[PDB]
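Heads up, the chain below is alone and in the form deposited without the DNA; it's given as structure tokens.
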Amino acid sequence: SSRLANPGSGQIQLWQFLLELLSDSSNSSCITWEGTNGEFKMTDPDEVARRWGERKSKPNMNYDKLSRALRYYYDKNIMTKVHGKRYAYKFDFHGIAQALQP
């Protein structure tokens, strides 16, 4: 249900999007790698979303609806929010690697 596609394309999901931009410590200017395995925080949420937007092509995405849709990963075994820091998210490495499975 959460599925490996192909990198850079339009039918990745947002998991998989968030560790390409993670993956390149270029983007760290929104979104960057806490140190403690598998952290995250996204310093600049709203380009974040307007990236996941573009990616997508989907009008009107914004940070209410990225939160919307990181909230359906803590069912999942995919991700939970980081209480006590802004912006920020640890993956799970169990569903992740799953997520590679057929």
Contents of the next structure:
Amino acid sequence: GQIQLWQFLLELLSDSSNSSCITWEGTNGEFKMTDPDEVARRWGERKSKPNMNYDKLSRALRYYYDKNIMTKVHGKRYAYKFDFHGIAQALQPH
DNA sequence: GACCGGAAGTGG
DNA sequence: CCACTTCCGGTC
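Since we've got the form deposited without the DNA here, give me the form solved in complex with the DNA too.
All chains and molecules follow, beginning with the one already shown.
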């Protein structure tokens, strides 16, 4: 797979029919996984990695902290916030 | 349990 | 190369 997790989360987030498992909620960029497990099995599907689970996916998100692509929303389960500072950069090619 | 981050490894 | 994937030893 060549798609990126943040890109894929957005894809999902861009249709509200997927709200049964992920949804925008809060200030600009915030969202929460209403079904963390379905999100993971989907990402797994998409990347042909079928042992994907939330514990692994969440690790990948944690890596995004240093990249400023995302922060954790503190004291809110399964909630993160996209940050534009780093998205801007990750949208740039070579 | 959830969340954190180090470390090794992987495959488009 | 690099963004993950896998796994794990810690904090609550």
